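Now for the letters of each chain:
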Amino acid sequence: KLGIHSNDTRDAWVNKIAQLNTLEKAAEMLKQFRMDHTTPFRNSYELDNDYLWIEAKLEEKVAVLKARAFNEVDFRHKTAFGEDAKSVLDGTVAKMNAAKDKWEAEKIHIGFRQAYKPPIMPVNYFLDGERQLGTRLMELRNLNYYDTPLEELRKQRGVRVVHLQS
Amino acid sequence: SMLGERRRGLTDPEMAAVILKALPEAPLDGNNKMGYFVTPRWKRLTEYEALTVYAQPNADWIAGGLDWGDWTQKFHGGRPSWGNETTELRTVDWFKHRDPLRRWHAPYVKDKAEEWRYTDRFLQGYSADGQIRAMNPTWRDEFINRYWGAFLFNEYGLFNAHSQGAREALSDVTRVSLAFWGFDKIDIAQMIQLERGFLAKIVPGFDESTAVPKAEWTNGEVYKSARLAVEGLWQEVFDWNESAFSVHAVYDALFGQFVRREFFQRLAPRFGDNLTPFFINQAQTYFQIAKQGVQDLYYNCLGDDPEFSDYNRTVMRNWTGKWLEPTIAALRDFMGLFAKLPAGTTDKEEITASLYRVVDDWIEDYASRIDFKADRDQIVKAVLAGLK
Amino acid sequence: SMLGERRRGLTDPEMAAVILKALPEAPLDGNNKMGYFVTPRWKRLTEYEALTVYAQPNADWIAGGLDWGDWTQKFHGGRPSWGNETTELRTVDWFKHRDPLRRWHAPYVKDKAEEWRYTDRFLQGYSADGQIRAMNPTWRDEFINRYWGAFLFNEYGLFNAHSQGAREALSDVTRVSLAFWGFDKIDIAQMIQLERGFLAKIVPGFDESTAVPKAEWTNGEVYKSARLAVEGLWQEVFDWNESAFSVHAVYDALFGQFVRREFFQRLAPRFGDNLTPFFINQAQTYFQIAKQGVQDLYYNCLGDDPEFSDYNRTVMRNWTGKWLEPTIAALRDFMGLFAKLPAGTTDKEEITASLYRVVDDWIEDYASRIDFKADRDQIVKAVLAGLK
Amino acid sequence: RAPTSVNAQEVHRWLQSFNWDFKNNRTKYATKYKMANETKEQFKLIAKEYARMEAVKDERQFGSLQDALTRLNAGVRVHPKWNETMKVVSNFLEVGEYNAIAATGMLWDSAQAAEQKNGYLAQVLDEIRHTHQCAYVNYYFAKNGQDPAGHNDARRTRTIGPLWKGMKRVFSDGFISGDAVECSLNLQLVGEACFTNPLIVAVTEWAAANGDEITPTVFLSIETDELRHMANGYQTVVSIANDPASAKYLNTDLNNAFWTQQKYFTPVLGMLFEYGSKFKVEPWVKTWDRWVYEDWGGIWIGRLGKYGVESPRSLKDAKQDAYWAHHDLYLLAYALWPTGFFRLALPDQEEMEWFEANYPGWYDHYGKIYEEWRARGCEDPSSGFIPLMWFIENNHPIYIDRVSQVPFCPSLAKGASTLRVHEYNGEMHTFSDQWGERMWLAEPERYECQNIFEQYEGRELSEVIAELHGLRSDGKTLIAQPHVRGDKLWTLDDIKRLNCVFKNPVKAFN
Amino acid sequence: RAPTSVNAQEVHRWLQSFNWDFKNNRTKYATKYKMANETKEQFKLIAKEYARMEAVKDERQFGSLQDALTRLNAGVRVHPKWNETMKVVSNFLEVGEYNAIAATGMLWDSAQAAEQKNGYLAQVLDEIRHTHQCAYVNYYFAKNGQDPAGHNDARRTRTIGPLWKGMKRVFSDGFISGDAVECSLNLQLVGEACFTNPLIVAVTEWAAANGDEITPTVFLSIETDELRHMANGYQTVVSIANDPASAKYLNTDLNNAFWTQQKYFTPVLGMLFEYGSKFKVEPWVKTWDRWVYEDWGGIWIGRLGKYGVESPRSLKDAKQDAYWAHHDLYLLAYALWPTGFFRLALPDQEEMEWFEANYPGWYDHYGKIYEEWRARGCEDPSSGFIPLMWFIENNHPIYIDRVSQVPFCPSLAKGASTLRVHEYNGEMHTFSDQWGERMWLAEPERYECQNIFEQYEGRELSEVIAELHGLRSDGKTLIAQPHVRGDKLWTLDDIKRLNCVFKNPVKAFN
Ligand SMILES: OCCCCCCBr
Ligand SMILES: OCCCCCCBr
Ligand SMILES: OCCCCCCBr
Ligand SMILES: OCCCCCCBr
Ligand SMILES: OCCCCCCBr
Ligand SMILES: OCCCCCCBr
Ligand SMILES: OCCCCCCBr
Ligand SMILES: OCCCCCCBr
Ligand SMILES: [Ca+2]
Ligand SMILES: [Fe+3]
Ligand SMILES: [Fe+3]
Ligand SMILES: [Fe+3]
Ligand SMILES: [Fe+3]
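Residue numbers (the deposited numbering), protein chains in the order written: chain E, 3 to 168; chain C, 2 to 389; chain D, 2 to 389; chain B, 18 to 527; chain A, 18 to 527.
None of these hints come from the bench; they were simulated from the model. Do not take every clue at face value.
Which bits of chain C does chain D cover? Going by a derived footprint, with three or more residues having C-beta under 8 angstroms, they are [claimed, not checked]: (1) 16-28; (2) 109-116; (3) 166-176; (4) 262-268; (5) 288-298; (6) 319-333.
Even for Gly, the Cβ is constructed at its ideal location relative to N, Cα and C.
Could you build the full structure based on these sequences and the hints that come with them?
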C-alpha cells in the first residue's frame with residue numbers, strides 16, 4: 003500500500019498514535035516527531051511524503067489528552083509541558099530581539115515552531131509569537147537582500163553544490 | 002459603427018462553421034453536474050454547495066482537504082498558508098459546515114441591496130410624512146444620538162474581530178459565512194450613523210458628527226466594560242474560532258441582544274421613535290441569520306463532531322466561561338443607563354424580566370448546546386448590581 | 002441532440018451569411034431615439050415616457066390624441082370606446098400627466114418585490130427573535146385583530162373604486178398611474194390579512210379568519226360612516242376622475258391618514274407593537290408615492306390647465322365639498338373607538354394635535370391647490386364632536 | 018421562536034371574503050349576463066407575490082438584452098425584412114396589450130366574486146407589463162438597429178395606413194367596446210386562447226429564423242403570463258354558465274367575436290410571416306389549420322361544451338376564405354406602400370419557388386404580377402410607378418370593409434370576392450362578408466369608422482404623408498419604401514411628382 | 018417636510034472616525050512595515066451601497082447566461098480546444114480569486130486606518146463574488162457543454178498534475194503567506210495591476226474568437242470590480258511610503274513578487290492562449306511586451322516612483338527568458354498529458370504556419386518534435402506511446418523548480434537552460450533561475466513543497482490517475498486526452514499497459 007492519501011506508513015502511525023494514552027508521553031512524541039520530520043532542519047527526510055498528515059493525527063491526540071487533563075485556566079495559559087505560555091513567548095521574543103544576525107534569528111523562529119506549535123502551546127500565544135518572531139526575522143533577512151553573491155550565499159547557507167549549468 | 006471589426010466565433014459564418022465541424026456528436030461525458038462528488042447536506046446538491054465546497058485548496062493534512070503535499074510558499078519561519086495550528090478546535094472535516102440560508106455572494110448582495118433601496122424609500126417616506134414631529138426630543142437628542150450612537154462602535158469592533166478569521170478560516174464554507182457575519186456588523190454600524198445623518202437633515206441643530214457618540218464610547222461609563230470586552234475579543238484573540246464563537250455565541254448573544262432588543266427596540270416606541278426600530282429590525286434579522294450559521298458550525302459540525310465532540314465542547318465551555326465574565330461586566334455597566342431615563346420610563350422588575358429573557362434565550366440557543374451549566378439567576382443577579 | 006434541429010439566423014453560418022449580405026452599410030436613419038417626438042417633462046426624455054406616452058390610440062378629438070377618425074367598433078347605442086363624455090374635467094392634452102416617480106411596469110414590480118422579500122425576512126427574524134413577547138395582549142387580540150383587520154375592507158373598497166378608472170382613463174400615463182394606485186391599495190389590504198395570519202401562527206389561539214373583522218366593518222359602529230363613504234366612492238361615482246380625486250385627495254387624505262397614522266401608527270408602539278408599524282410604514286410610503294402622482298395630475302395638469310384651469314378647479318372644489326362631508330362623518334364614528342382604549346391610553350389633547358396634523362397637512366397638500374378655502378378649526382371641531 | 022412567515026396562498030385563502038354586500042354593489046357596465054359572485058380563480062396570488070414573480074422574469078429579460086445580446090450586436094444582425102416586420106408586430110401588438118389593460122379593468126368591474134375580480138386584476142397588471150415590453154422591443158431596435166424609422170415613431174406613423182384601422186378593430190375596440198362578456202370573448206376566449214401560440218410563440222420562431230434574438234427574449238417572457246389570461250377567459254364562461262341569459266346569448270357573442278378576430282388575424286399575420294421574412298418556418302396555411310381550426314376550434318372550445326359553448330357557426334366559412342387571404346392582402350399592402358411606416362420587399366426567386374411549392378397556382382397569379390411591377394420599376398423612384406396605378410389602370414377597386422376595416426379587392430382576389438354595397442341616410446357602406454354585413458345592419462351605430470378614402474378624399478398622396486410625419490429625420494426621405502435595400506430610397510418629391518390623388522371608390526356606384 | 022434620505026458618501030464621511038485607540042489595537046500579522054494611521058480610500062462606499070452595485074451587475078450577467086445564451090446553445094458552440102482551456106482558465110483563476118479573499122482579510126487586519134480597512138473589505142467581498150463567478154463558468158460549461166469532465170471536478174482533479182502546483186504558488190500561497198505587504202505586492206501591485214488586461218480582458222477576446230460568449234459575460238463583469246483592487250494596491254504603497262522601513266525593503270519585496278508572478282504567468286498564459294485555441298487573437302510575445310513590459314513595467318510602476326518604487330531589477334531577465342518560455346512548457350504539458358484534467362491537441366497545419374510565421378525557428382524545433390510524436394502514434398491509444406517515452410529515449414530529464422514549481426527541461430529548451438542542483442541536510446533541490454535560487458537559499462523553510470516526482474516516485478502512472486479520480490463517469494476513460502476528437506479516447510488500461518513508473522530525476526546526481 004503506497005498511495006497518496008492512504009498507505010502503510012500512515013496506517014502504521016495511526017496505530018502508534020492510538021497507543022498514546024497519557025498527555026506527557028503523547029506531547030513528547032509530538033515534539034520529537036517535529037524535530038525528526040519537520041522543517042529543513044529535520045533529522046531526516048524519510049517521511050517527507052506523509053509527515054504533514056501524520057503530524058496532524060498526532061496533534062489531534064495531544065489536544066484531546068490535554069483538554070481532559072488540564073483545568074480551564076491551564077488549557078488557556080499553559081503549554082502541554084506545563085510551562086507558562088506567556089513566559090515562553092516573552093522569553094523567546096527576548097532572544098529574537100537580541101539575535102545578532104539573520105542566521106541566529108532563523109534558528110530561533112524555526113526552533114520555536116518545532117517545539118511549541120499547537121497543541122503544545124495555546125494558539126493565542128503561539129500566533130502572537132508568529133507575529134513578533136516573524137517580524138524580526140524578515141527585518142534581518144530582507145536588509146540588503148541582494149548584496150551577497152550567490153557564490154558566497156551558497157557557502158553561508160552551507161549547501162553542497164552538486165551541479166551548475168548556464 | 003454598425004457591424005464592427007471584431008469577428009466573434011459564435012456569429013461569424015466562417016469561424017462558426019469551423020467550430021461546428023470540430024464538435025463531437027454528443028458530450029464526451031454525460032455527468033453534467035459540477036461538484037457531483039460533494040456530499041450533499043440536503044436531499045440534492047445545491048447551487049450554494051456546488052459553487053463553494055472545495056474552492057479552498059487544502060491538502061489532506063488539514064481535515065477534509067482533497068489536495069496533497071505542503072504549501073508552495075510559506076511564511077518566513079515556516080508557518081503554513083493555512084494550518085491546523087491556527088485554532089484549538091479539531092474536526093474530521095472542515096468542509097462540513099453549511100450556512101442554513103445557503104448564501105453565496107449573489108443571494109447575499111441581492112438581499113442587502115433590496116434592504117438598501119427599501120431603506121431609502123422608507124426614509125423619504127418618513128421625512129415627507131413628517132413623522133419626526135411625534136418623537137420625544139430628549140430621547141432623540143440624548144439616547145439616540147449619544148447612546149445608540151456610541152453602540153455603533155460596539156458593532157464596528159465586532160466587525161473588526163472578524164479580520165483574522167477572513168484570513169485564517171480553514172474552509173470555503175466557513176470563510177464565506179464568517180465574511181458575511183462580519184460584513185453585516187459593519188453594515189449595522191453604518192446604519193446607526195445613517196440614522197444620525199438622517200436626523201441631522203430633518204432636525205435643525207442635530208449634529209451628525211461622531212464626536213459625541215465616540216467620546217461616550219471611549220470615555221463614558223455606560224459602555225466602558227462593553228468596550229473593554231470588544232477590544233479583547235477583537236485584538237487579544239488570535240484563534241479565529243475563539244473569536245467567531247465568543248463574539249456570536251457569548252458576547253453579542255447576551256450584551257448585544259440586550260442593548261438592541263431589550264433597551265432600544267423596547268423603549269424607542271415609548272418615546273415616539275419608529276425610526277430607530279426600523280434599523281434595529283435589520284440588525285435583529287441579521288443577528289438571527291448569523292445565529293443559524295453560527296449554530297451549524299459550532300454545534301452541528303464541531304460540538305457534535307463524531308470524533309471531537311467531547312473535545313470541542315470542552316474547549317467551547319472554556320471559551321464561554323472565559324468570555325461570560327467580561328460580557329456580564331458589559332451588561333452590568335450598561336445598567337447605569339437606566340438611571341438616565343426620565344422617571345417612570347421603566348422599573349427594576351421590567352429590567353430584570355428583560356435580562357432573564359436574554360439570558361434564557363441564550364441558554365436555549367447556545368449554552369445548552371455544549372452542556373455549559375449556566376445559572377440564570379446568578380448571571381442576572383451579577384448584572385443587576387450595576388443598577389443605580 | 003447536442004446542437005438541436007432548429008437553425009437560428011444569428012448563429013447559423015449559411016443563414017447568417019445571407020442576412021449579413023442584405024444589411025445596409027449603415028443605419029437608414031440616424032434618429033435612433035424611440036419616442037423622440039414626445040415633449041419631455043424634464044431635461045431629457047426618460048425611458049418611462051418613451052415607453053408609455055401615446056400607447057393609447059386616441060384620435061385628435063380626445064384632447065391630445067394624435068390619431069384621426071372615429072373608433073372602429075363602439076358600444077351598442079354608440080358610446081365610444083373612450084370619450085370626453087366619461088368625465089367632467091377637460092384639458093388641452095390628456096397626455097400631459099407624468100408620474101414624478103416615473104414608474105412603468107418594471108420599476109413598479111421591482112420595488113414591490115423587494116418589499117415582499119424583505120417583509121418575509123423581517124417576519125422570520127421577528128418570530129425567531131421572539132419579539133412578540135413584549136406586545137400587549139389586549140391591543141393584539143382586540144385592536145389589531147378586530148379594528149385594524151376591519152380596516153382592510155376600507156382599503157379593499159378603495160381599491161375597487163379604481164375598476165372603472167382602469168377602463169375609462171383617457172391616456173396611458175394616467176391609466177398606468179391609476180392602476181398602480183389601486184394595486185397598492187389592495188396590497189395594503191392583503192398586508193393587513195398577512196399580519197393577522199402571522200399572529201395566528203405565533204400566537205396559540207389567535208384566529209386569522211376575517212369573520213370577526215368583517216362583521217365589525219359591516220355592522221360595527223366605529224366604521225359605519227367610513228363604509229358608507231367607501232360604498233359611495235366606489236359604486237355611486239361613474240366619473241373616473243371624481244373617483245380618483247375624491248378617493249385620494251379627500252377621503253383617504255383625511256380619514257385614511259388618520260386611522261393609519263394618527264391612531265394605529267401612533268398608538269401601536271406604546272403597546273409594544275413594532276409589527277403593525279412595519280406594515281403601516283409600507284402603506285404610508287405607498288400613500289406618499291401616490292400623492293406625488295395625484296398632485297401632478299389634478300393640480301399640475303388639470304388644476305393648472307392653460308385653458309381649463311378655472312373650470313377644473315371649480316369642479317374639483319365642487320367635489321371636495323361633495324365628499325368632505327361624508328368623510329367628516331367617517332371620522333366622527335371612528336372617534337367612538339377611543340372609548341374602547343385602555344383607560345389612560347390617550348387624552349383629548351393628543352387627538353386634537355393629531356387631528357390638526359392631518360387636516361393641516363391636507364390643506365397644505367390638497368385644499369390650497371384648487372383654492373378650496375376650508376376652516377381647520379371647524380373640521381376638527383365637527384369630528385371631535387364624536388368622542389365619549 | 019422558530020423562524021416563521023406567511024405566503025400568498027395563506028392570505029388568498031381569505032380573499033373571497035374581502036367583498037361585502039350592499040345596495041349598489043353591482044357592475045357599472047351594461048351586460049346581458051350575470052357573473053356568479055361565488056366564482057373562484059386558479060392562481061392564489063396577492064399583489065406582493067405577483068410583483069416578485071414578474072420582477073424575476075424582468076431580470077433575465079433585460080439582463081440578456083442589455084448585456085449578451087447587445088455585445089453580440091443582436092439588434093443589427095437581423096434580416097432587413099424582419100427588422101421592418103417587427104415595427105408592425107411589436108407596435109400593433111402593443112396596442113392590443115394596452116387595450117387589454119382597459120378590458121380587464123372593465124371585467125374586474127364586472128366580476129362580483131373577489132377572486133374573479135382578483136384574477137382579472139392580475140391581467141390588468143400583466144397587460145401593462147406587455148405594453149411596456151412591446152414598447153421596449155421597438156425602443157431597442159430603434160436604438161440599436163439597422164433602421165430606426167418606424168420603430169421610433171410608430172405610435173403616430175401607424176395612423177397613415179389602412180392596416181392600422183383593422184388592428185384597432187380587433188385589438189383595441191373589440192377588446193373594450195360592447196357587452197363586457199363580448200369583450201372577454203374577443204380578448205380571452207378567442208384572442209388569447211386561440212392566438213397565443215400561432216402569434217406570440219410563432220413570432221419567436223420566425224424571428225429566430227431571421228436572426229432576431231431580441232424578440233424571442235421578450236415575447237417568450239410575455240408568453241409565460243398568458244396562462245393566467247386563458248384561465249380568466251375560461252372562468253368568464255364558468256361564471257355566467259348558470260344564468261339563463263347564457264343559453265340565449267353566449268354562442269352568438271362568441272361567433273361574432275371569433276369572426277371579428279379571425280377576419281384580421283388570418284390575412285394579416287400570414288402576410289407578416291410569409292412576406293415580412295426571408296427565411297420561412299412553416300406555411301401559414303398549415304399553422305392556421307393546426308392552431309385556429311384544430312387546436313382551438315376543436316380541443317379548446319370542445320372542453321367548454323359542458324358550459325353550453327359551441328364552435329362558431331362561422332368557423333367553416335372562415336376556413337374557406339382563409340386560403341388565399343394573406344396573399345390577396347399583400348398585393349394591396351404593397352400597392353399602397355407609401356402609406357405605411359415600414360419598408361416592403363417583393364419575393365425573391367427562392368421565395369417565389371417556396372410560395373408556388375406550398376401554394377400551387379401562386380406564381381401564375383401573384384408571382385407574375387410582382388414580376389410585372391418590378392420590371393416596370395416599382396422599386397425605382399425614377400420610374401414614376403407605384404402599384405396603385407396598376408389597380409386604377411386595370412380597374413381593380415380597393416374597398417374598406419365598414420365593420421372590420423380590412424381592405425379588399427373583389428375583382429382581383431383569388432379568395433373571397435363577394436361585395437355588398439348599401440346606402441343609408443346619405444351614406445354609402447361597403448361590406449366584404451355576410452357576418453360583418455349582419456353586424457352593421459343590426460348594429461349600425463357601432464360601426465361608423467371613417468375609412469382612408471373618405472378622410473383622404475381629394476388629397477394628394479405626398480400631402481397626407483407629409484402632414485402625418487411619414488418622413489425620416491432628413492425631412493425628405495419616406496419612412497415607407499418599396500424595397501429593403503440601402504440605396505435609392507424614395508423621397509416625398511418622388512411621390513408628389515406623380516400627383517396621385519385619393520378617391521372614394523364607393524361613389525362609382527352613384 | 019420634503020422627501021429626503023442619506024447616501025453612502027454621507028455616511029462614509031464619518032467612517033474614518035470609527036476606529037479608536039487602545040493599547041493592543043495593532044495588526045496580528047508579522048510585517049516589516051507600518052501602514053499610516055490616516056490612510057484614506059478612493060471609493061466612498063458602505064456595505065449597503067456596495068451590495069446594490071454588485072447586485073445590479075449580477076442581474077445582467079445571470080440574465081444573459083440563463084436566458085439568451087442558453088437559448089443560443091452558447092455552452093456548446095465553442096471550439097473543442099477552447100472548452101478544454103476554460104476548464105483550466107476558470108478553475109485556476111478561481112483559486113486566485115479565493116485566496117485573494119484571505120489575502121484582503123489579512124490586509125484589512127494590517128490596515129489601521131478605518132478607510133484603508135474598508136477599502137480592503139470591499140475587495141474581500143469582491144473576491145468571494147469572483148470565486149463564485151469562476152465556479153459558475155465551470156458549472157455552466159459542465160451543465161451545457163461538449164465535455165463536462167474536468168469542468169465538473171477540477172477542484173479535485175487539478176491535484177493530479179504539476180501545472181497546478183505552480184498556480185498555487187502565484188495565486189494561492191503567494192497571495193497570503195509572508196509579510197502582508199509582500200502579499201499585497203504579489204496580489205495587487207503586480208498580479209491585478211499587471212495581469213487584469215493581459216489575463217482577464219485578453220481571455221474575453223480569445224474566448225469570443227473561439228465561439229465562447231459565456232466567459233466574456235462573466236469575466237467582463239469581474240473586470241468592472243478590479244479598479245477598486247488596483248486602488249487598494251496603490252494605497253498600500255502610499256500607506257507605507259513615509260516609514261523608514263519602506264526605503265529598506267519595498268523594492269526587494271516588489272522585485273521578488275514580480276519575479277514570482279511572471280515566472281508562472283509568462284509561460285502558462287501564453288500556452289493557454291496559443292495552444293489552447295483554434296482562432297488566434299494576437300501573438301503572446303507582443304501581448305506580453307505591451308502589457309507587462311511597457312504598460313505595467315513602464316507606465317504604471319513609473320507613477321509610483323514618487324513613493325520610492327523602482328522598476329523590478331529582474332524585469333530584464335524576465336523579458337529575456339520570456340520569448341520561448343510558453344513554447345518550451347507546452348512540450349512538457351503535452352508530454353505529461355495523462356496527468357491533466359483536460360484534453361490537449363497537437364498544433365494543426367494552419368497553426369504550425371502561424372507559429373513559424375510569428376516565432377521564426379519554431380518549426381525546426383517544436384514543429385519537428387510534434388511531427389515525430391504524431392508519427393509515433395501519440396494520439397492513438399493502440400500506439401502504446403506517450404511523448405514521455407521520447408524524453409527518456411533522448412535523455413531529456415524534466416525537473417521541477419523547488420521555488421516556483423514550474424517544470425523545466427534544460428537539455429531541450431530553446432529558452433532558459435540554467436540548472437542548479439544543491440544538497441542540504443539530506444535533501445536535493447533543483448532550481449531553474451538565479452532569483453528563485455536566492456529565495457530558497459535565504460528562506461529554505463518557506464519552500465519545502467514536495468514535487469510530483471517526489472510524491473509519485475515508484476508509482477505506476479495509471480495507479481496515480483485512478484487514486485486521484487482522473488476518470489470520466491464510465492470509470493474507465495481518462496478525463497485527460499492527447500487529442501480533442503470525439504473518438505478513440507484513451508482509457509485507464511491504455512495507460513496501465515505502458516507500465517510508466519515515476520522516478521525522481523534528481524536521484525541521478527551523486
Ligand atoms: O443611402 C440612403 C440615404 C439614407 C436616407 C437618410 C434618412 Br435620415
Ligand atoms: O394580452 C393582450 C391582448 C391581446 C392578446 C392576443 C393573443 Br396573441
Ligand atoms: O388576429 C389579430 C392579428 C393581429 C396581428 C398583429 C401583429 Br403581431
Ligand atoms: O416586413 C414587411 C412589413 C410587413 C408589411 C405588411 C403589413 Br401588416
Ligand atoms: O383601388 C384604387 C386604388 C386607389 C388609388 C390610390 C390613390 Br392615393
Ligand atoms: O485547451 C488546451 C488546454 C491548455 C493546456 C495547458 C495546461 Br495550463
Ligand atoms: O482578483 C482576484 C485575484 C487575482 C487577480 C489576477 C489579475 Br487577472
Ligand atoms: O499568472 C496567472 C496564471 C494564470 C493561469 C490560468 C489562468 Br487565466
Ligand atoms: Ca464604571
Ligand atoms: Fe398580453
Ligand atoms: Fe394577455
Ligand atoms: Fe478578483
Ligand atoms: Fe481582484
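Quick rundown of the hints versus the structure:
1. 16-28: Our answer is that it holds, as 8 residues pass the Cβ test (under 8 angstroms) against chain D, meeting three.
2. 109-116: holds (count 3)
3. 166-176: violated (count 0)
4. 262-268: n = 3 at 8 angstroms, threshold three: holds.
5. 288-298: holds (count 4)
6. 319-333: As far as the stretch 319-333 of chain C goes, the hint is violated, because 0 residues have Cβ atoms under 8 angstroms from chain D.
Checked against the numbered hints given earlier, the structure breaks hints 3 and 6 and satisfies all the rest.
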